[PDB]
Each structure stands twice: as C-alpha cells, then as structure tokens.
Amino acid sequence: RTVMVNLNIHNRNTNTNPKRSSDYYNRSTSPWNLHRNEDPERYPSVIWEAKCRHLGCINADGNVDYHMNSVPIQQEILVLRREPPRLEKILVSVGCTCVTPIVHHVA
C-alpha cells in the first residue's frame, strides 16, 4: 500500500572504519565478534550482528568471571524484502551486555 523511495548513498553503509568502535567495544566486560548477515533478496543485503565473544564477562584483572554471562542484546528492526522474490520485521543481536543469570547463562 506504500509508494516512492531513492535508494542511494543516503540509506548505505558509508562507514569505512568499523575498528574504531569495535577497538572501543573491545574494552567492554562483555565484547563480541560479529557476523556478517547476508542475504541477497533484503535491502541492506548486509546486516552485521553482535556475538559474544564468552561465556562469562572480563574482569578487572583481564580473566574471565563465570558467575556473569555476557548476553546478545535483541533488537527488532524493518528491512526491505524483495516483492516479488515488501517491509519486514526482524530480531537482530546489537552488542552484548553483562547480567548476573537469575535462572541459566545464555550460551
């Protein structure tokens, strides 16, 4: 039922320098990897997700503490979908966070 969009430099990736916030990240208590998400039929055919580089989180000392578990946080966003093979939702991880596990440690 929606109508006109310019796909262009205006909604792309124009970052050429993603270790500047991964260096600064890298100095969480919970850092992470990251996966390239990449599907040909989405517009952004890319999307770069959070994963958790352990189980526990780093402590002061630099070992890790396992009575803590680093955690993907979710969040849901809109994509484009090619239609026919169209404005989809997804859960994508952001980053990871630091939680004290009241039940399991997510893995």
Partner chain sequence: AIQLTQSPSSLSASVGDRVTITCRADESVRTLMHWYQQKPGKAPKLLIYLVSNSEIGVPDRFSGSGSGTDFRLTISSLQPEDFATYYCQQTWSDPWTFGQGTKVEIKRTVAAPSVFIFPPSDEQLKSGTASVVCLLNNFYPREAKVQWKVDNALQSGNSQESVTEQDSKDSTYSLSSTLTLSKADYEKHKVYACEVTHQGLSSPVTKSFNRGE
The other form holds:
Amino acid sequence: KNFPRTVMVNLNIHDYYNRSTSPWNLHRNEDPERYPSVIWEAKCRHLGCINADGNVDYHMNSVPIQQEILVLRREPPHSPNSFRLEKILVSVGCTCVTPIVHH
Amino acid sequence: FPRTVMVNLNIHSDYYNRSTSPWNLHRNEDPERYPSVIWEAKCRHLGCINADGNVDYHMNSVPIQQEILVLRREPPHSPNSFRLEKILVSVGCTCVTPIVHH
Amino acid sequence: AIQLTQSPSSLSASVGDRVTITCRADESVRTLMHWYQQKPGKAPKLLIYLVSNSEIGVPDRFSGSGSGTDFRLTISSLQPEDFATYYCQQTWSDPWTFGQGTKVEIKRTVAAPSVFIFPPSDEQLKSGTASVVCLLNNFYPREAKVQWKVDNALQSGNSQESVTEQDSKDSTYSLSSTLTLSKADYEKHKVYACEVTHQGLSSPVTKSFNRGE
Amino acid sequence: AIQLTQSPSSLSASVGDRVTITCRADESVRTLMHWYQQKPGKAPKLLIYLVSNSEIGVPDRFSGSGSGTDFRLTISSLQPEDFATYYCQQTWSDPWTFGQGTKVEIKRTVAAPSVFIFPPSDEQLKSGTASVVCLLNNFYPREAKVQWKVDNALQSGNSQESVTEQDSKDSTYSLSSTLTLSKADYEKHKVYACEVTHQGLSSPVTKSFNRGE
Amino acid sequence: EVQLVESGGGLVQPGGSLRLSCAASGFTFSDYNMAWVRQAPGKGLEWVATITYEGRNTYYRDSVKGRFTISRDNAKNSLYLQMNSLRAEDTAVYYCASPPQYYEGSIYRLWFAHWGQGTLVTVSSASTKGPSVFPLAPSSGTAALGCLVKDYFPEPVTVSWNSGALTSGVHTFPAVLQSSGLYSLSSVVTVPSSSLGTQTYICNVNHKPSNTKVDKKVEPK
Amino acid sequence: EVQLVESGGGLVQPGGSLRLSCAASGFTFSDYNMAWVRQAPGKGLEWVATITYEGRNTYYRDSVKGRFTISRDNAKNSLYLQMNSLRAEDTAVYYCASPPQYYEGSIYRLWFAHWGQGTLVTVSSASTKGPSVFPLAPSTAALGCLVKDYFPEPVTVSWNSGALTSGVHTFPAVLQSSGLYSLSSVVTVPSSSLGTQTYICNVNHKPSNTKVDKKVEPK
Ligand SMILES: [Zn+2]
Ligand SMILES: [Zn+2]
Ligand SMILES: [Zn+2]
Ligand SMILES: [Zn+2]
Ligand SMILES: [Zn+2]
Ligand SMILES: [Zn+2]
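Structure of the form deposited with its partner chain bound, given the form deposited without its partner chain:
In what comes next, the whole complex appears, and the chain from above leads the way.
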C-alpha cells in the first residue's frame, strides 16, 4: 500500500434462474470506463421462495448471492491502455434461506 | 494480436448454512495467479433441505457458476507481467425444480 | 394498523455484553421484519432485512431472529460505537410501521470531568446581556451537579444545561451550564464561580474568576 | 436391480425435427436420472444431470424432463451433429444402471455415391492374394447394392462390405466392397468390374479395369 | 455508492406550503419505488408517502392525505414532497429512502436500504433571526476554548473549526431553547496549551435559514 | 480442463490377467470417488466398479466381484483396475469416469461428468498379428490404404501425419473368414495435385508394435 504497483497485462485471452425456488432476473450493466464493459447483475424476483404448488412462500426468503470480482477501470479516463484494478461486489443469483428462529 | 496494457494493482455471510441448497467453500490456492486465493463453492447435497430439516429429493441443489477474470503469471513466476484469463467458478448453490411437463 | 412494540425502550450495557432487543407485532408479518440503527444526528442505516439477513458491511456481532409476531435483534458483544437507537419495521402490510425504538447506552468506568469557566465577552456585554459558561469535559456517568455562585450566593432559575450525546469512542459525556444575567446584574458583583459535584471527584471542584481580571 | 427401458431403440429424423426419447424405470429414482450422448468411436459425454439440468456447453436444443419412473430427453430442432446414441442412467440406488441406448440417425435428401475402383497392388500380389476394392463415396440413403463381375461372371460369397457411420456434417455414408481372390484366380481373368445400384443413380454405375494395363 | 441528497427544509408558517426535493445517484432511479419517512424532534421514525418507479401509483399516511403530494422526475433523478396546510405534527426531519438494488423494483414490500441525510421542516409562526457569535476565550497542559452562538431561530446551526481542519477534541452542544423563544448553543475544543499564542483558532458558524455565515477568531484576552 | 487418460488394454488369453490404469489431471483427484464403466462391442454402457476418494470403500458389479480389484494411488493421481480370471463377457472398451467438481465428493450418488478416451480389452485365445499395408492407387481423385490381416483391434490411420483430415474415410474393420481383421482408409483429393502433392498413410497397430508409413502414388 501507499506505493503504486504497475504491471503489464496481455488482454488477448487464449436458464436455472427460472426454475429456482429463489428465481432471479439478470440486468445489463454497461460502463465504457470499465473492462469488462458489460456485467450481468442478478436481482431476486421475490422476497419469499416458490413452494411445491408454484406459489410464493413467505416462511422462507430469496437472498442474493454476492461475490467480489476484479474489474479494470480506465486511468486516466478514456485511456485505452492504462487501468487501475478495482474490486466490486456483484449479485450472481439468489438462494433460498430459512430465517433464524433460535435462541 | 497481443494487446498489452498497464494495470496499477494498488486498489483504492451465513447463507451457505441457512440455504435450502447449502454449500461449502473450498480454498483454491495458486502462487502463479492473481488473486492467488479463490473460494469455490461445492453443493452439499443433490436434494434441497425441506421444512422438517431433511433432504428432499423432489428438488435439486445446483451450483451457480460465474465467469471471472484472473491474472496468470506470464512468464511463470513473473511478478510484473500477466495474461488476462477467464475462468468459471462456483459462487454458491440454488434450489431448482425438475421439469415434469411438455 | 400493525403495531410493533419494542422491549426495552432503553438499556445500558458494558462493552462485551450480549444485548437483546425484542419486537412484537400485534398480527403476523411472517418474515417481512427489518432492523435499522440510527446514530444521534444521523439518518437511520439498514442493519438486518427479512428477519436475519445482515447487509454487507454490518459487523458479525449483529444478528436477527424471529417469525410471525416475535422478533429479536442481538448484539453478541457490545462495542462503544454501538451507541444508537434501534428500530424494527414491518413491511408485510400497509401502512408500513416502525417500533418506538430502543436506545442503547454504554456502561463504562467512572471518569472525572475537566472543569473550565468562561467569562462573558466584552462584545456580548455591549449588547446588554452576560452569559457565563461552565464546561464539564469528557466525564462518566452523565449524572453531575453544577451550582452557580455569585459572590458565594447560590443561584437558582437563571442557568441552562446542555449535554452531548455519548462519545462513540470513549463513551463519555460533556456538559455546558450557562448562567445568564443582565449587564447591570453582572456589573454589580465580582466573584463568579461554578461548583461541580460528580462521582469521579473526591471533593467538588470550583472554577472561578474575578470580573475584570 | 433398477431396470431402465428406453423408447425407441432407434429413430430417424430430419434436420429441424423435434425428437423425443423416453426412459422408464421399474422403480422410482426421484430426480437421480441423467442423460449421456455417445458419438461413434468416442467416449460418452454428459448432456443432462438431475432430470433437467444441462451441463455448460450443451446446446439449448437439448432439454430433459421427468419424475420418479418416467423421463424424457427432447432435442427441439435436430442438427446434423446430433447423430449419436443417447443413454439414460439412474444413480438413485446400487448398482447404477443405464438404459439400452437410443440411436439417432438423420433423414436427408438423396445423394448418389461417387464410385471408384482400385486394383490390387503388385506388392500384395507377391504374397499370393488379390484384393480388389470398390468405393462408394458420400451417399444417402445407406441402402446400396454392389455386384462384382469378373469377365462378366457375377460373383457371390467372395466379397465383404464395410460402411462408415453417418457423417456429422453432411449426414452421408461411404461404403467399401472388397473382392478377395487367390493370385492364381486373379491371373486367370481380364475384366474386373463393380456394378453399383442406388436410389440416387438413374442407371447402375460400373467401374472397371483390365488386369495389367 | 448510492447517494440521496435532500433540500427544501426550512421554517414555514402554519397553514403554509413547502416543497422537499431529493436528488438520487448511484442506481437506476426509474427502476425503484421511492418513499419519504419523517422523524419528529425526539420521536421515532414514521412513514409518510410512497411513489412507484414510474409515478403511476402513490400511497400516503392517513394524517397527510390530501395535504401532501409525492412526485418524481425520473429524467432529473429526483423525488419531491409537496407539503400543504402545514401543522405542528409536520415539524420533523424528512428523509427520502430507497429500496435495495439487488431485488426487483416491482416488489412493493421492500425495505429502505438507503436514506438521505435528512432535511428539517419547522412549522412555526415565530420569525427567523440570525445568531450572534461570541468567543469563549481560554484562561491562563490542556486549554479549552469555544464559541457561544446566541439568539437564533429556527434550527439548525452548523459549527466547524479552522474550516474543518480541526476535528479532534471538538464538542458542539445541542441547542437549548431559551425562555426568549430563541435558540443558543456552545461549541468548544480542547487544544494543547503550548499552541495558544502560536495556532489560530476560528469557529465557522453557518445558519442557513437567515443566510448568516460568521467566522470568529478565538484568542486569549 | 479435466483429463482422464487410460492405458493397459490389450489382448489377454481367457483365464488370464490384465491391469488397466487411468491418469487423472485438472482436478483434486483425492477429493472424488472414481469409477470404471465398460462397453462390450456394439452394446450399451455398463458400470463395473467404484472406489471412494481415499480408497477406503470399493463397490463392484456382481459379474466381476472377486475377479476385479479397483485401486487408486492418490499421490500419482491414478486409478487402477486389476482384472483376473478373464472371460468373453469382459471383452469391452473400459472407461474411467469422474464426478462433477461443483458438488461435494462425499455425495456417493453423483453422475459421471468426465470420462477417459477408453481402452480396449480383448479376451481371446487367438494370436497377435501385425497388418500388411498396401496402396489403393488412383487412376476429384480417390486414393487409400488397405490394412490387411491383423489381430486384435484396433488400428489407427492418419494421412500426412494428421495434416490431411478433409475427405478422409477410415472404414470399420471387417473380420475375415480367416479370423483376421482388415480395413481400408480412403481420401478424396483434387486431381490437379496428383503428381504434385505426396500422400502418405500412417498406420499404427499398437498390439503388435507395427507402425507403417505408406506412400500412395499413381502407378
Ligand atoms: Zn414470480
Ligand atoms: Zn410456508
Ligand atoms: Zn447436510
Ligand atoms: Zn419432496
Ligand atoms: Zn455581589
Ligand atoms: Zn486422509
């Protein structure tokens, strides 16, 4: 930290969201100042989970599964060949959790 | 074909247990990679946990896989030169219903 | 329509204590119960959503539990920065309602106040009023007694107190006592003093000045 | 112990057709039913796991459905590369069993074979045997008739046919017919011919050679 | 980061009108339902109104129905609260609150995952008065000094030291309502005694309702 | 990328023994249960044996119990199948298969997400014989190689060391009345490149250690 560490990087690389009990939708996130420019972020469809009869069960909850990912941010702005490594939080999908009803 | 750029590396929950499709995170360590440590999820069961706490085989736990960017040392053991690589990782598990219809 | 009752309305706990706040709804809200933390003079912040889920950035010491009509927020190990009012909220039915709040205060070791006295400025005296300020700096507990004495005569009904909210780091308070007199009354007497009585003081402390010195 | 029966055992469908293969278990396997695709001369590949989940890389046209004892694999729009044998497998109970397989063939437009004849090499003739090869290249359907004629005499019982598996791109077959004679029998005659009869030919095609020319 | 910034809060006579505004950033404003929540001085949180993502539906607290109007301009990423026929019950800090970004904005029953800073609305027939700032000069280890901000209306008054450069040891007291009906507060700071005649200490008082900005130098007499 | 590579398959006399081996890579081998699945010529898939992640438990198909032994060496990332008292029912291509990596290896009832290439085991008392390779010379032109009189299967044929793949047809072997196999491999090439381009078939019959590179020229 408190010292810039610059490295070289070669950029030339060599539908359950519908059937889930905690379903979700992917929303397009586009940023021209970022690599990857397009990131698909998941948003839970409901607060509850789908039960065996196809209805929303409010005794269980859909919660987003969030992961930290690396992205490249243009530095300076609009630079095609210089970036800063940035860590952002993204929603990958949703899982169904039971609320804590204990002690 | 090679597009080399500069990258400044100095950057400025209990769901796994409460989920009906629970999972465990396993440490993946690689000294020739950035990040060196990646936590990959593995589903705990084939079924989902029902309201009574047991495994329900009428529903399935399936991994939620995302493509992520990683930096791979090029040449090997290089501290300042990498190649951008896209790998698939398991982030967690969700519970799905099998299709029982046409 | 859905009424939420929090218990207790206030509590005091030492650093490291396990604190528990309950929220009871008059009808079931299933899992649509959330908790918020509001620090003095700040907007509320979301702590827990849907009974037990902490938002990213909320420390592990905060956990929520419950179902239907009975809910609980637990702070496993209280920290000095946890000084705040906690509110529960139901979103199950319209209108969305909140609990009355639970104020959480920190119990701490005794600290004696640092007493300072300030005479009125000559600029204020030019306007016809004199304000004499006594400052009690960074003490614990909040209970303190300030008595104003004008030439050894004990004053009453001519002063106002103001107390800061508990510090989020050392859990101490600060108090200002202000004696307000007319310029004419101020010029009549010489010795202005404030006598402070506090748990942390072996004997009361008097800070005083002579008018024009 | 758990027996799986696939239906049908083989089928032929045009490109673009919706194909359906069923798998019936004699006892319930709940959701522990999986499908595999095996292309000729290759190891099986996992297509679907746990009734309906496609593995990453499997095209959208493949989907699985089912419950307990009745399961179905559907290919929504058959492609030429889908030529393969599909197997269902249950992992619910020991021992893990597979269905007998379903061979999927592609129905295509008629394509006439290109016929080629090859005389035996002088190197082979030095060893005492003569093998005459007739090649029928890139044709459809698979049904073709090859007749060997030596000095116009129709041969029988001295030739063997070999057919390639259906091409994964153009859905055609190729066939080799090999006439095997002793060197002594080979040297007794002049004209060696193979007469090909196929749906795509207006009249049978004869390719021939004169021994030692 | 999601940011909600409110403006419009001030002194308003009973029966009068005031318009609150909330500028949103850091999220797709047009994808989410927005709400106004209020807090009366020394009281709890109270939901006031909700408006759907494209302003087609509005919901209000019974006590404000017919008097308040919630609106939004998705093109300007802003939320509004038009308040009419103002009463004593309406004196409160008003917050604009947004739902969580990782849930579909079509879910009505979402909580408030993001709140603005709050804007104070004071319903009173009393008149605006700017403050008088006087020094609280130190006397002859650790010395204490400050500023007395006297006779102002309405709340609030903001006090900073050395333009925000001095934050350690600062104590800005809650205002007290004097028997005169005007507010008064003191802001103090403890500094080392060695830096008394060396360092300059200035309190910056700002009372936006009267457009009063005073920078008072506090020196030992 | 997960990779499973088998070896050891060959001709073995009835009543004899053979050991099959599977080299694994691309995953934590010691985390997963491994299995052997076989396929008799022209028949379906048949599970043979399973061994747990740390070799503590083994399971077998009834017909192979007592004759086969599944083992593993987690340090060498390899799986083994020791086959004894071999019968006709054991002639098959043997595959080693591994479970999916995104599930806990403690789940016994997992499917086969990855498979090796397969190794052929032939149980026969017939003797090994290497093939003779003869040209099928052209007169679009067609040319090829006749790979005659070999035992057992298989034979691999490539053209110009794998550089020529378009238009190649390697036919399934036919069992001649002699008890030996024979096959032809052909390729269609442009007639313009007949006396210009050199065409060589590379035949490999590993059971007899026969490697022949035959140049096919017009006579
Ligand atoms: Zn829905
Ligand atoms: Zn329920
Ligand atoms: Zn479990
Ligand atoms: Zn069930
Ligand atoms: Zn006196
Ligand atoms: Zn071990």
